[PDB]
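Can you keep this structure in mind? I'll have questions shortly.
One chain of protein is taken out of this complex; the other chains stay put.
Chain nomenclature is as follows: A, B, C, D, E, F and G, assigned in order of appearance, with residue numbering initiated at 1 for each chain independently.
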Amino acid sequence: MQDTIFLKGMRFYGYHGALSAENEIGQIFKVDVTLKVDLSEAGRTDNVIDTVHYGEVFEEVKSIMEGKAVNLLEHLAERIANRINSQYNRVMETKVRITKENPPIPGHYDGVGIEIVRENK
Amino acid sequence: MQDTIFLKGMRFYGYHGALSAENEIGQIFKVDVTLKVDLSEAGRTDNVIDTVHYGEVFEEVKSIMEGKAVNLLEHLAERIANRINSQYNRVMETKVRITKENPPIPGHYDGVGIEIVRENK
Amino acid sequence: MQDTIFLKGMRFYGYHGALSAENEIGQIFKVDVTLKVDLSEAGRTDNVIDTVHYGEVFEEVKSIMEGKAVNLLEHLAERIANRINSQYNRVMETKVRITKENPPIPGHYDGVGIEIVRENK
Amino acid sequence: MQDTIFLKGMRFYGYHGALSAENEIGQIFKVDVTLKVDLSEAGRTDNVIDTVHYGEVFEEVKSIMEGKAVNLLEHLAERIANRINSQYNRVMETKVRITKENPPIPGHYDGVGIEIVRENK
Amino acid sequence: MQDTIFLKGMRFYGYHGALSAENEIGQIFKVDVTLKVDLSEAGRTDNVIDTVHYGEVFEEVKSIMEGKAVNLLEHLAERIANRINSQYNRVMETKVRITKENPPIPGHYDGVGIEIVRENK
Amino acid sequence: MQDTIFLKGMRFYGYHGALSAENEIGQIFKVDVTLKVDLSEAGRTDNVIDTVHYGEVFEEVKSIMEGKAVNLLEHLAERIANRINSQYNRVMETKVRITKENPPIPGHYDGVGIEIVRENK
Amino acid sequence: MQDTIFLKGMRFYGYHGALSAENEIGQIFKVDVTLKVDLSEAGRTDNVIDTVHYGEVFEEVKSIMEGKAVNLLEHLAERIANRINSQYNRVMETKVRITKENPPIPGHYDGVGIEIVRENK
Partner (left out) sequence: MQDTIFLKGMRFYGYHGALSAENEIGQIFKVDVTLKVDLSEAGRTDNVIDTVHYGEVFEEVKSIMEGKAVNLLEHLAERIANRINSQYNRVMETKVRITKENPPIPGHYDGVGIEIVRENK
């Protein structure tokens, strides 16, 4: 099963980061969420109730990304993957990519980050 | 067999969407179609009759994307995958990605959507 | 005097638009603000009090862009230009560009909009 | 008066061109339309009837761009500028930029074209 | 073994195409070549003679892309894959992607094409 | 008179440069040519003989850009402006922009170059 | 005289900013330098000694951008414009644009900054 529902380049201004200055100033966090969901029933029925509502998924990510500042990106993605897997039984597995395109790293790059993949139990 | 014929970033202005306002205003739908087709005979012969005509594939997608408004993206991709698989025996499997770069979702993102993969029976 | 302070590609999700569906669904509004300000004193002193704080300008634009839905883009830019000119005597003139990259216009384009230039009296 | 209403990157698939093969195959024409219009009344009133409707302008350009194939780009822009100036008295002057990003020119470039500016008499 | 040598976005102005007008006018062909090559010896030695010279590979592709006009893209990629596999024993497998970003297809898309993967015998 | 004919992002691989290594290795030169030409007659007639053929202009630039290696970019643009002004009486003035996006300058930038404007005598 | 020598998108990681956290963490500063210089003699002679060496200009900007942290962008551009005007008599006027694409401003934008133009006395 290779069907997926996706949310790309979600951007939130947050204050996460292991550095005090980071939590003080904050920055933009870019998020990519991919959900493994069998989309054949919805493909057949065309009934929104037979699939996962991207809108509700963006609200979940947003609430975690725009809330309490944490240290790691690993923690933020773990909470999101867990939040989505928890509320949706149709999501067989959740992939969360978080990128800090502008960390307090002296240099020239496009970004740094982490990406986790969690299966729904 | 990893050979493929592709159609990227196809864009159509449609009126699909589960929201009444969506069907009223409409929006742009971005489509990516990938077909698994063994391209060795055509690679050998150079005869257009030994492969699938990208042009005819764009016409199929277009007819579905620019026609009757449906609710889901899942339904639109299911119809396209089914339409292409049905008319072409050389297409071993069809992958359809549909993206709503500008849905009625209050926020900052690059887009949302679904992607299905269907083998040709 | 060709000195300027600028704010590019400001993006807000608003509900302005002459169409009921627009006000219902909303969309992203892209804003570009250019202020004619003589930056020599600040260039000499390096004292933030000798120039206009881009931060405070983004807050002004934001408050207008994320507030009450209006019909025209002309109205939104008129309010911003007026809001900035009013609070800052150092701003000799304000240029406001507002773009609807995704209006309810069936077609393929990069965007539509208006740009006004207002001198500060 | 520096106020303007704009339509950027309008793209139409047409068959214009001085070469027979061009008229046969056709290509994509990119269009940029800028109109000098005093937007203060609309900025004050917020009444759509006090300005020029971008939507109606895109329809005008479209009708000319997607209609009868002509030889030059100069002819296409002349017809558009003339069509817009003619129907709208509020448009003090019209600027039309037409680009052939992919002409039958053997080489590497981003595009070629023309841009005209016509005042409304 | 996941090591690879790559050549991205190679662009050639050619006259291939199943349509007479295409062969007459010509267009730009974008090419992506990926070669599976074990790069550990070169990684150890730092001797250019222990790996495949990207330069020589671009010359091979170029000669095929800028030469005799053929009908299919499948034929062009088959000749390149075959040309590279043939001259280099270190290339375990060759992947060739050819894209016609501007075919004689009336519509809006980013491109169409084919991609083949050939193992070296 | 604000009418113009343009050629953007022309790219040639040349060997110009004041450094011996430059002339040895060569690089890509990006060129932008803008010609002030009154396009009303052509806009009226639609006869290609009433305007300047972008194709012939690209050939002129190409011949200078892909020919003998010189030291400066100033010299290359001077020769092009002079070559175009000389052959076309309809060109009232020529603007030539040449960019070295990748000069032998240790650093991070988008490019360096020169742009000249020459009126046709 | 419209001739110019330019340096675009120069990027330096600096620690300027009126906020303590800024000076602590630092960020990337994007710089655009435009110099009004009559390039006809160099265009005629092709002698590098008849124009301004872009390389030496990038070194000047770099030294100021990568040195002592200051508060304003106005101060940084004032020092650069002054540094370039001072050492080069051929530079009739200097234009310096500095952009903070990622300031400590909670929001979505492409960047903020200032641009000054200084004539050489």
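Keep this in mind: a residue touches a chain if its C-beta (ideal position, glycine included) is under 8 Å from a C-beta of that chain, and two chains touch if they have at least 3 such contacts.
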{"item": "Contacts of the hidden chain among displayed chains", "value": "A, E, F"}
{"item": "Where the unshown chain meets subunit E, residue by residue", "value": "2-12, 39-40, 42-48, 50-51, 54-55, 58, 62"}
{"item": "Where the missing chain touches subunit F, by residue", "value": "11, 13, 19, 21-22, 24-28, 102, 104, 106-108"}
{"item": "Where the unshown chain meets subunit A, residue by residue", "value": "18, 70-72, 74-75, 77-78, 95, 103, 105, 107-117"}
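Keep this in mind: only the chains that are shown with their structure count from here on.
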{"item": "Gap in Å, rounded to a whole number, between the CA centres of subunit B and subunit A", "value": "26"}
{"item": "Intercentroid distance (Cα basis), subunit E paired with subunit D, Å", "value": "38"}
{"item": "Separation of subunit B from subunit G, taking each centre as the mean of its C-alpha atoms, in whole Å", "value": "47"}
{"item": "Residues of subunit D touching at least two other chains", "value": "11, 107-108"}
{"item": "Those chain pairs that satisfy the touch definition", "value": "A-B, A-G, B-C, B-E, C-D, C-G, D-E, D-F, F-G"}
